[PDB]
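K.L.:
Chain by chain, the residues run as shown.
Number of protein chains: 2
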Amino acid sequence: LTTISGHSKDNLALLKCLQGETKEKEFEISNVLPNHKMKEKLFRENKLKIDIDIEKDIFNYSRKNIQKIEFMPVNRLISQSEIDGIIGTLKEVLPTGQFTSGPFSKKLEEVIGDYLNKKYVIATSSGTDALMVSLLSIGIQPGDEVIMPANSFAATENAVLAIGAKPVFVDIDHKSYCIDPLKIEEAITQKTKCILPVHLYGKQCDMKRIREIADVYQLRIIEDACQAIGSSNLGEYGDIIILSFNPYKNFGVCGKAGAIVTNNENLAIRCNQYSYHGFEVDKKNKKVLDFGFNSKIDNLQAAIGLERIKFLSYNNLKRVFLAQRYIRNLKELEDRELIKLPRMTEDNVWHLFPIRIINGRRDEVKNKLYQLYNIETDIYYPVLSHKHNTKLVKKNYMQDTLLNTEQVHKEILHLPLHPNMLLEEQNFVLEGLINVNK
Amino acid sequence: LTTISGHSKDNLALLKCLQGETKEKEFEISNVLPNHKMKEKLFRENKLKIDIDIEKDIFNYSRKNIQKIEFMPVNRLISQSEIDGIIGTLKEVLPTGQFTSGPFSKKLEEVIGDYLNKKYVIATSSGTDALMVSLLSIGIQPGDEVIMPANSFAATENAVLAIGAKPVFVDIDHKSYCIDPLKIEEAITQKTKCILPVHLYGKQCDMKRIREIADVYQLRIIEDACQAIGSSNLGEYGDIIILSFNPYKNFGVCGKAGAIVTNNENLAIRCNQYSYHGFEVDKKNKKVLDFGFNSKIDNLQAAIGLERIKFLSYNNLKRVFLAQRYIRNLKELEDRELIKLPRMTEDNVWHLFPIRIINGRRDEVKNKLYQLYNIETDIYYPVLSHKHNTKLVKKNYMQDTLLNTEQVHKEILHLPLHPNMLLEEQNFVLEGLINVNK
Ligand SMILES: *Cc1c(COP(=O)(O)O)cnc(C)c1O
Ligand SMILES: *Cc1c(COP(=O)(O)O)cnc(C)c1O
Ligand SMILES: O=C(O)CCCC(=O)O
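For the record, the sequence lines run as chains A and C.
In short: position in the first sequence from 1, add 5, done, that's PDB author numbering.
In short: position in the second sequence from 1, add 5, done, that's PDB author numbering.
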């Protein structure tokens, strides 16, 4: 038996079974809220349905004619089932008038804490705000230094900059796009207070070694897990874990929201206080901290969150199926040394699907795929943090050289992958990818 | 001929006309979105309805016996008609998948811009965020001093403190609870860069004099108008006007939102950039400012705002009626010398109703209305900015004494006032207040 908890490791186990590679594995599903859709869709009397065809039942394969591919059409991220359920919960929340704090905010924090196996959760107004509050709660002061990679979304460095701290950029691992633990200790000075690893594209960093370093220098760890919800054993070594529930993440609400996650009650208390004006917990208009933000989640978005999180494990399952299909159908382009593919691992939730186009062919392939084959691809993110055309960069990061980050930035390309894409759509992408690499 | 544009002055004129003070005045209504409910309820064929009974048609007065009064029951602040329209609009927005930016954000900014007669509006994720971003856009750096009053909600000073600037408190005048223009000049230094007047409780500060002072020293003015939507001529003299649409304000959404309002195109662009990660507008992932926040309004809350703002002018008219009835019915306590009441003025939108309990009986009155008469009263706000139990206040605001502010703080008490309260409920408050002073 394996008991599907809704995390990446179990989903990868379930996928190989749904394709039949299992050894008569008894699967059962935990009835937690992130499994709600999966349990309705694939299970029947707490056992896998006998009659599951992935292509027909899960992806609705019907040989539809495809003429163009967009990378992330927003209208396909939400399903009619989601919408009907959201309307239902809004009709319950709206009459209450509780539109700031509320019971749905607290229910979502309980759900997230259970899902992540962490004691304390502060649901926030965005992942960016969660990070800012979290930096403040560990005691970050203006001029303090925060070690971080240079290839994240701008929010990561912005949270550090917004409170007057100093990003110190460290090179990545070319094997995982994650910050390299072997280069972290070199960057530690008297001014560093925090290491800020990013679980980029849905894959986790090598957190075990970072913790060992963090303990020797007595540094805090705040993990940017804004793209990594559902990854197994997420946050085992972190002081604080940051989540984002923006509508584009593996799990989103209908608007902006995020969360702070921790087992450390002292940090949890300060985060709750900083996220709401410095007021003592649930003592509005009475400050104990010097200041704070207006950064807790909306009760209404928490209620939408509790409806949409029902689809999380199922949508992550569709994501891992799509990623494996890309890997298996592009392998010969890798054997020809034209591209490098990601490897299937049990922690990746496949928020984004990166490949590397080597021999300097990335720009030609991206541009031809769009201009010739009507296929959008994207580069997350087009500019590295030490390379923005800002006054901050020109004064502080001109001499920054991040060898692996910069090299892989010239090769990276992200392929369309979202849980409601058709297999005919992925076929379109796959054939363009193959045709342009003849 | 009086043209009702949905603002303060005309509402006071209309109220005088709707009562026995009419002067055969002809009223017309402008079909703007904030007038929607007003026009539907009080007008017919584009003329004022003939036999409007304020108590019976607007408040449904039936002498229902009341046993208890809550200060601000959140369930009573939103109507079923609003809920219906919200459900209706969300069935249209939700299928678009457009949950961050979107067309409703843009429409709400046009609507607010028209209503305030200002060229540029950036809809934000909160009033607090709007204030922080505006301060950034005028160039506030760490160390710049911001002249404020000390009697505002924490957010006003928190926005200054959050970006490293230093608030410079200035006393109020005893007449309006607003910053005393007489004392602005006293506090101006080489380091002052902005004056931050607060239109507290819905009453406008004497802005014409503040503009005079600010121009002598070439200072920007940022108006915290988070309590004052609908006040006539709002922002005539300020560089930027901060609005809040939090759900307990005269107009609110069903979550957090705000707006930045300006005629200055250069500030609006910077506000737009600081509002979304420092990115150039419509060119994401390419930064032009050093950093930014994630603080634009959610498209979903903008759709909601466009539904709820239909009630604003009508809900402000119920507020003024309530205010006047408290005034006329409590003056027996004013003539006695036990209390002091606000004066009806054309600019007050009556977000809160303040009175002053004289000669040190405020605490006993407040506590006996609750234990003896089950009447909730509240103090907005319980702690002054310079007296909080924070490390800031003792290290910073220890020699700081603000005479009229602190003395008024011992007298102040707010009476329940919200546009859906019953007159039976207000009469219950009035009998408790007279009884407790017999
Ligand atoms: C999206 C994202 C963020 C910010 O999350 P928001 O909820 O949009 O503010 C931070 N870090 C990473 C890696 C992200 O992908
Ligand atoms: C409510 C309020 C704020 C903050 O507004 P939010 O939208 O809640 O962030 C700021 N100033 C005053 C005077 C307020 O009443
Ligand atoms: O912060 C809040 O939720 C309340 C502010 C608005 C008000 O009640 O005056």
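Take these hints with a grain of salt, some might be off.
Note that identical chains are pooled: a pair holds if it fits in a single copy or bridges any two copies.
[Claimed, not checked] In silico DSSO-like pairs for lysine-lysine, Cα to Cα no more than 27 Å straight-line: (1) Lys-111 / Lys-52; (2) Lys-46 / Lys-96; (3) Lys-198 / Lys-171; (4) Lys-415 / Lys-198; (5) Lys-196 / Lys-21; (6) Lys-288 / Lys-180; (7) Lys-171 / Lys-396; (8) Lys-14 / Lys-336; (9) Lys-392 / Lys-291; (10) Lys-21 / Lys-124; (11) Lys-42 / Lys-111; (12) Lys-171 / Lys-400; (13) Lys-345 / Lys-73; (14) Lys-399 / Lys-124; (15) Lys-288 / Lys-399; (16) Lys-288 / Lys-396; (17) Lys-415 / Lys-69; (18) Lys-42 / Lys-54; (19) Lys-112 / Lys-96; (20) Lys-171 / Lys-44; (21) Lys-396 / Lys-198; (22) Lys-171 / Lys-289; (23) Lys-415 / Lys-124; (24) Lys-289 / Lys-392; (25) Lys-291 / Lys-180; (26) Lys-96 / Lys-111; (27) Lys-213 / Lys-73.
Source of the hints: derived by calculation from the structure; they are not laboratory data.
K.L.:
Hint by hint, say whether it matches the structure.
P.N.:
Cross-check of the supplied hints:
{"no.": "1", "hint": "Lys-111 / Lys-52", "result": "neither (31 Å within a copy, 49 Å between copies)"}
{"no.": "2", "hint": "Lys-46 / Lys-96", "result": "both (25 Å within a copy, 25 Å between copies)"}
{"no.": "3", "hint": "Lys-198 / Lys-171", "result": "both (10 Å within a copy, 25 Å between copies)"}
{"no.": "4", "hint": "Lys-415 / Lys-198", "result": "neither (31 Å within a copy, 43 Å between copies)"}
{"no.": "5", "hint": "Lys-196 / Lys-21", "result": "neither (47 Å within a copy, 65 Å between copies)"}
{"no.": "6", "hint": "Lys-288 / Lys-180", "result": "neither (48 Å within a copy, 30 Å between copies)"}
{"no.": "7", "hint": "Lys-171 / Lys-396", "result": "both (14 Å within a copy, 24 Å between copies)"}
{"no.": "8", "hint": "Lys-14 / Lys-336", "result": "within (23 Å within a copy, 72 Å between copies)"}
{"no.": "9", "hint": "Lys-392 / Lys-291", "result": "between (43 Å within a copy, 10 Å between copies)"}
{"no.": "10", "hint": "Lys-21 / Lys-124", "result": "neither (32 Å within a copy, 58 Å between copies)"}
{"no.": "11", "hint": "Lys-42 / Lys-111", "result": "within (22 Å within a copy, 34 Å between copies)"}
{"no.": "12", "hint": "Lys-171 / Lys-400", "result": "both (12 Å within a copy, 25 Å between copies)"}
{"no.": "13", "hint": "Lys-345 / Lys-73", "result": "within (25 Å within a copy, 71 Å between copies)"}
{"no.": "14", "hint": "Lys-399 / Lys-124", "result": "neither (42 Å within a copy, 34 Å between copies)"}
{"no.": "15", "hint": "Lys-288 / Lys-399", "result": "between (44 Å within a copy, 20 Å between copies)"}
{"no.": "16", "hint": "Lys-288 / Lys-396", "result": "between (41 Å within a copy, 18 Å between copies)"}
{"no.": "17", "hint": "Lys-415 / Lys-69", "result": "neither (34 Å within a copy, 73 Å between copies)"}
{"no.": "18", "hint": "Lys-42 / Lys-54", "result": "within (14 Å within a copy, 54 Å between copies)"}
{"no.": "19", "hint": "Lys-112 / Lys-96", "result": "both (17 Å within a copy, 24 Å between copies)"}
{"no.": "20", "hint": "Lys-171 / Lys-44", "result": "neither (46 Å within a copy, 55 Å between copies)"}
{"no.": "21", "hint": "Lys-396 / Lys-198", "result": "both (25 Å within a copy, 21 Å between copies)"}
{"no.": "22", "hint": "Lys-171 / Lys-289", "result": "between (32 Å within a copy, 23 Å between copies)"}
{"no.": "23", "hint": "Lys-415 / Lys-124", "result": "neither (41 Å within a copy, 42 Å between copies)"}
{"no.": "24", "hint": "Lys-289 / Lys-392", "result": "between (42 Å within a copy, 15 Å between copies)"}
{"no.": "25", "hint": "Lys-291 / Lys-180", "result": "between (49 Å within a copy, 26 Å between copies)"}
{"no.": "26", "hint": "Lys-96 / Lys-111", "result": "both (19 Å within a copy, 26 Å between copies)"}
{"no.": "27", "hint": "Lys-213 / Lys-73", "result": "neither (43 Å within a copy, 58 Å between copies)"}
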